[PDB]
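**Student:** Okay, here's what each chain looks like letter by letter:
2 protein chains.
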Amino acid sequence: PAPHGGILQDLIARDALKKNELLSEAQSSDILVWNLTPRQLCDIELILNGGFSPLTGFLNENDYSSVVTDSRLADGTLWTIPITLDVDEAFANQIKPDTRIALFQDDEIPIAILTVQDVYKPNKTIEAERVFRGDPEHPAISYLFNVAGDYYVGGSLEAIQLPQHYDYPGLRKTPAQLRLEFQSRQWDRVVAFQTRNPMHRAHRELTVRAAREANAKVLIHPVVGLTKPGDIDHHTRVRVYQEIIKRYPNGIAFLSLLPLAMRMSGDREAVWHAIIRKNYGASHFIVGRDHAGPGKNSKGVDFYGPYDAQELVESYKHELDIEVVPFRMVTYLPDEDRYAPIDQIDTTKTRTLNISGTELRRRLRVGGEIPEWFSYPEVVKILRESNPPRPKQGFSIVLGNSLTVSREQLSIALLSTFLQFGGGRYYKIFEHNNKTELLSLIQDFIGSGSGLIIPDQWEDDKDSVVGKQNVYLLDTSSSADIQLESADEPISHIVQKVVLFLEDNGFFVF
Amino acid sequence: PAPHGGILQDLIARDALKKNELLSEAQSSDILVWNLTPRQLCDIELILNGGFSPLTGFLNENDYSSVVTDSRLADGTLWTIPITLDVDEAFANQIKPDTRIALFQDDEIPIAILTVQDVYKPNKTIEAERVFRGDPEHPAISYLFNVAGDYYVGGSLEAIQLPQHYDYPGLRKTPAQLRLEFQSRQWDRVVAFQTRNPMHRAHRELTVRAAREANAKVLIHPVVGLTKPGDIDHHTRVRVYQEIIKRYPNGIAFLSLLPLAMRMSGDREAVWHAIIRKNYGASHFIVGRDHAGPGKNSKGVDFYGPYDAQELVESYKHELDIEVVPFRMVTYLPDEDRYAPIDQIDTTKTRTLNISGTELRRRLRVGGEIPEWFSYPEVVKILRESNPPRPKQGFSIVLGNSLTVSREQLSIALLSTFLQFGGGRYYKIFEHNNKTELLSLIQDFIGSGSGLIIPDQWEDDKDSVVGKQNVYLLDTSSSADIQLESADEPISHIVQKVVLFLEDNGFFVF
Ligand SMILES: Nc1ncnc2c1ncn2[C@@H]1O[C@H](COP(=O)(O)OS(=O)(=O)O)[C@@H](O)[C@H]1O
Ligand SMILES: Nc1ncnc2c1ncn2[C@@H]1O[C@H](COP(=O)(O)OS(=O)(=O)O)[C@@H](O)[C@H]1O
Ligand SMILES: [Ca+2]
Ligand SMILES: [Ca+2]
Ligand SMILES: [Ca+2]
Ligand SMILES: [Ca+2]
Ligand SMILES: [Ca+2]
Ligand SMILES: [Ca+2]
Ligand SMILES: [Mg+2]
Ligand SMILES: [Mg+2]
Ligand code: NA
Ligand code: NA
Ligand code: NA
Ligand code: NA
Ligand code: NA
Ligand code: NA
Ligand code: NA
Ligand code: NA
Ligand code: NA
Ligand code: NA
Ligand code: NA
Ligand code: NA
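Heads up: the sequence lines are chains B and A, in that order.
Each residue of the first sequence is one higher than the one before, counting from 2 in the authors' numbering.
Each residue of the second sequence is one higher than the one before, counting from 2 in the authors' numbering.
Hint data in this document are derived by calculation from the structure and do not stem from the laboratory.
Wrong hints could be hidden among the right ones.
As the list claims (entries may be wrong) - So the derived label-pair ranges between C-beta atoms look like this:
no. : chain 1 : residue 1 : chain 2 : residue 2 : range
1   : B       : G424      : A       : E386      : 47 to 55 Å
2   : B       : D445      : A       : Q345      : 57 to 65 Å
3   : A       : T38       : B       : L334      : 51 to 59 Å
Unchecked claim - Heads up, simulated BS3-like pairs for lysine-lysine below, C-alpha to C-alpha not over 25 Å straight-line:
no. : chain 1 : residue 1 : chain 2 : residue 2
4   : A       : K247      : B       : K247
5   : A       : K382      : B       : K247
6   : A       : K469      : A       : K436
7   : A       : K498      : A       : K469
Virtual Cβ for every residue (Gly too), placed ideally from N, Cα, C.
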């Protein structure tokens with residue numbers, strides 16, 4: 002289908018002959034420079050390659066507000082997610098319209114030249130409410146208030162080069178490249194499958210059903226740009242995708258990585274995803290249950306209805322110009338050993354089975370055995386390997402402040418005690434001295450599977466520098482993960498409590 | 002590197018706007034039509050896509066003879082293998098120079114329009130001797146005298162479309178497409194690996210060593226056009242390649258299928274292969290032991306020296322314009338568990354191991370266990386699956402002419418006897434009635450693993466219609482595979498001889 006807006010805005014192609022010139026300007030000592038934030042690197046790449054057609058830069062206030070309140074660009078073009086260049090007051094103050102800014106990656110690789118149209122201060126509360134539904138726990142809202150700059154810079158782009166990537170060079174196909182891929186294969190019907198999670202059996206069946214329904218080839222188009230916090234890293238997922246793609250009949254599916262930065266904006270994002278997939282050459286786009294939805298908030302309430310996305314996409318059906326293949330909950334049928342859309346069964350006459358993502362991590366963290374019917378063996382192997390069970394996970398024991406015993410001797414005791422257990426885990430007494438360059442290394446070790454014994458707490462002003470993952474506090478306080486009887490409890494006693502606690506949480510298995 | 006001759010002769014690209022016109026001419030009732038033979042379909046595809054640059058058609062007598070006696074085109078361009086359009090006297094007589102012939106595939110798909118330059122009758126004996134070294138058992142020579150037409154038609158081509166293929170649509174990359182593939186990946190150094198056999202551990206090591214020596218990425222460029230008779234079909238090999246490619250580090254190798262029709266012309270072919278890979282975008286080409294060699298003849302003598310190809314390629318080194326990575330016998334080192342070029346070991350100080358292709362089939366046909374060191378498990382699995390052991394192979398028992406007993410009763414006896422053995426094999430009394438439409442089906446069944454009991458022989462004039470594979474003759478004659486005592490030997494006796502013969506040859510296992 003024709004790219005959204007009618008013209009694929011591949012600016013790399015467009016500006017080719019200005020490459021050298023733009024590059025010179027980008028590195029001229031006079032031009033103002035802004036180093037792109039991670040999400041911005043994702044967005045900038047989708048803008049320059051045509052993935053965000055008709056966009057050709059970051060939204061000015063006129064187009065931005067029109068998207069917030071109208072799900073459309075100022076000219077009426079259907080567009081639900083605002084793509085803006087967020088900066089800080091300090092930087093915002095150095096620019097005026099007509100100004101040319103050089104956009105860099107890692108304060109080293111010049112990506113593009115942005116010609117300023119305007120500099121405004123968005124009302125983040127409206128964007129949060131109208132665009133992401135207002136809930137403060139929503140991933141896009143939390144980003145908007147805690148990471149995003151408070152000033153947006155609307156302006157047009159001139160491409161120097163797409164952001165740099167050293168992993169999967171062959172797989173990050175651009176819209177132009179994907180289209181050629183499909184053509185060389187004479188693929189004129191292609192249903193695209195969005196995803197940010199590893200694909201299990203349900204998904205494989207879902208995608209094949211779609212290929213059959215639409216009479217089209219399958220395009221696995223996963224997001225490797227930025228997804229929901231806590232998601233499985235993309236490297237692991239790519240390994241999973243490349244593995245599961247082999248379960249499809251020969252020459253029916255194609256894999257391509259999408260460097261998109263999701264907002265987990267349920268229904269709006271679904272519309273957005275469809276527009277993006279259309280730009281990339283897809284003729285069909287799948288939209289299953291809770292598409293692009295971030296689940297429930299701490300109160301247990303849904304951020305979106307399980308089918309809001311489908312409803313929203315349905316209402317823009319006649320102007321999306323890409324056919325949507327909707328799916329209802331796809332579940333497992335024990336008694337028949339096969340999956341099927343929930344909308345064509347039940348009646349109690351048939352029993353179903355479903356292993357939610359939650360329950361999935363549990364087995365992964367507890368060494369549980371994931372059902373042969375749920376996912377392929379090769380896939381679980383890859384997953385377990387990236388997210389090992391507790392007995393192979395790292396951790397830290399922080400000797401609380403209330404501790405009255407010798408921190409030095411208690412540290413040694415714990416070290417010697419853990420050492421006798423064996424199991425391949427590496428241990429270390431870790432003195433941070435409140436130095437962030439040491440604090441920031443704590444999760445690195447934990448990530449490496451090592452066990453750390455930290456004799457002292459770090460000042461509260463630095464608590465943010467350390468990831469709380471698998472970090473336990475040994476203290477007399479009520480907020481201690483491992484609570485002590487008294488501040489001067491004898492070491493052997495404290496040691497037994499720490500050992501049994503870790504044993505109870507699966508870190509040790511005898 | 003620059004395509005051989007300086008210009009990539011991608012005629013599909015060149016003639017694009019003449020597509021409709023040429024197609025109309027190709028289907029005009031007045032034009033003369035020739036249906037391309039299989040090998041011609043392979044050649045025609047390599048000429049039209051630029052793989053045979055500078056060629057732009059089938060060699061006229063001038064260029065043809067220059068290649069036979071000079072390993073060069075008339076203009077001096079280095080070219081060792083003659084690419085000609087062979088036809089029969091009947092067809093040759095209907096054409097004169099300046100004539101335009103329509104070249105079809107399956108007497109249905111118009112491939113191109115050939116403009117006649119000349120029609121000559123080559124001296125096949127010279128071509129056989131100067132180009133293929135003369136031995137009558139040489140694959141290219143046997144084809145030249147038993148399959149090829151006795152008349153060649155030199156002339157230029159105008160492409161309508163490359164030959165049709167419904168398998169591996171994405172993998173049969175054209176020179177232009179491969180070059181783009183490499184570029185999108187920023188691959189400026191690529192060492193290509195030719196092959197017509199499944200890749201085992203030795204090859205994987207060989208190719209990686211090459212990647213490391215040349216400091217280049219790996220291109221697995223296997224032949225799926227036409228190879229040595231008796232080779233493993235390409236479908237199986239592709240499955241093997243796709244499987245083994247996964248044993249390479251991520252993003253170091255690329256797979257592309259080459260629809261080439263080999264001539265098994267050792268050294269000359271090596272030169273030719275190098276030219277071909279250069280046209281396809283490779284910067285390096287591997288040339289190991291007995292490259293493109295058909296082994297030995299029935300007398301046990303080599304068609305080519307194990308390193309003739311390397312020597313020939315070496316002598317054209319300065320004009321091939323593509324770097325050749327030569328390899329000496331790569332063998333296995335038990336004591337060190339690793340492979341290595343034979344030129345850098347031996348001295349008896351180290352023991353080697355080598356499982357020749359011969360010995361390889363033996364295990365495959367005998368259910369033997371192929372060593373973990375020799376090939377990957379996943380690969381052998383695929384191989385055994387395509388070339389099952391005797392206990393899963395089909396066969397036929399032909400009741401010889403000398404048979405005096407009731408052919409009807411002996412047939413039933415054999416059927417009832419084989420049936421009691423079980424093992425998944427399907428049996429059938431097969432009456433051919435000397436009808437070729439029935440005879441041509443015999444190998445189909447054997448190929449399907451079934452066991453056939455044929456009560457009568459077929460006239461000698463039709464013996465050619467039947468593949469002799471796993472077809473045994475039960476007769477009193479000395480040329481009988483299963484020799485009987487007397488023409489009227491009692492059935493139960495004949496039955497025991499047949500059963501024990503099949504049991505001795507592994508078809509039955511109890
Ligand atoms: N059980 C299911 N039934 C129907 N659709 C599903 C199911 N599981 C996942 N999907 C669909 O698969 C696509 C991607 O799934 P996920 O990676 O889990 O999440 S999403 O954030 O990319 O939407 C979405 O269209 C989603 O709705
Ligand atoms: N043991 C080996 N040592 C060195 N080179 C080898 C070895 N085996 C195969 N090769 C090389 O691998 C390439 C393809 O091998 P084959 O498929 O067996 O045959 S070929 O007809 O295509 O050459 C050739 O360059 C060949 O010489
Ligand atoms: Ca703020
Ligand atoms: Ca719910
Ligand atoms: Ca006390
Ligand atoms: Ca003849
Ligand atoms: Ca020899
Ligand atoms: Ca007798
Ligand atoms: Mg990039
Ligand atoms: Mg083809
Ligand atoms: Na369209
Ligand atoms: Na730097
Ligand atoms: Na449809
Ligand atoms: Na709803
Ligand atoms: Na439309
Ligand atoms: Na507990
Ligand atoms: Na026909
Ligand atoms: Na002679
Ligand atoms: Na070199
Ligand atoms: Na020789
Ligand atoms: Na050169
Ligand atoms: Na024997």
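**Student:** Could you grab the alpha-carbon distance between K498 of chain A and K469 of chain A and see if it respects the 25 Å cut-off?
**Tutor:** 21 Å, holds
**Student:** Taking 25 Å as the top limit, are the C-alpha atoms of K469 of chain A and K436 of chain A close enough?
**Tutor:** 17 Å, holds
**Student:** Given the hinted pair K382 of chain A and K247 of chain B, is their alpha-carbon gap at most 25 Å?
**Tutor:** Roughly 16 Å separates the two Cα atoms, so the pair holds.
**Student:** Between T38 of chain A and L334 of chain B, is the Cβ distance one that fits in 51 to 59 Å?
**Tutor:** 52 Å, holds
**Student:** Note whether the CB distance of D445 of chain B and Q345 of chain A lies within 57 to 65 Å or breaks it.
**Tutor:** 42 Å, violated
**Student:** Starting from the hint 47 to 55 Å, judge whether the C-beta atoms of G424 of chain B and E386 of chain A obey it.
**Tutor:** 41 Å, violated
**Student:** If you draw a straight line from the CA of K247 of chain A to the CA of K247 of chain B, is it 25 Å or shorter?
**Tutor:** 12 Å, holds
Of the numbered hints given earlier, the model fails hints 1 and 2; all others are met.
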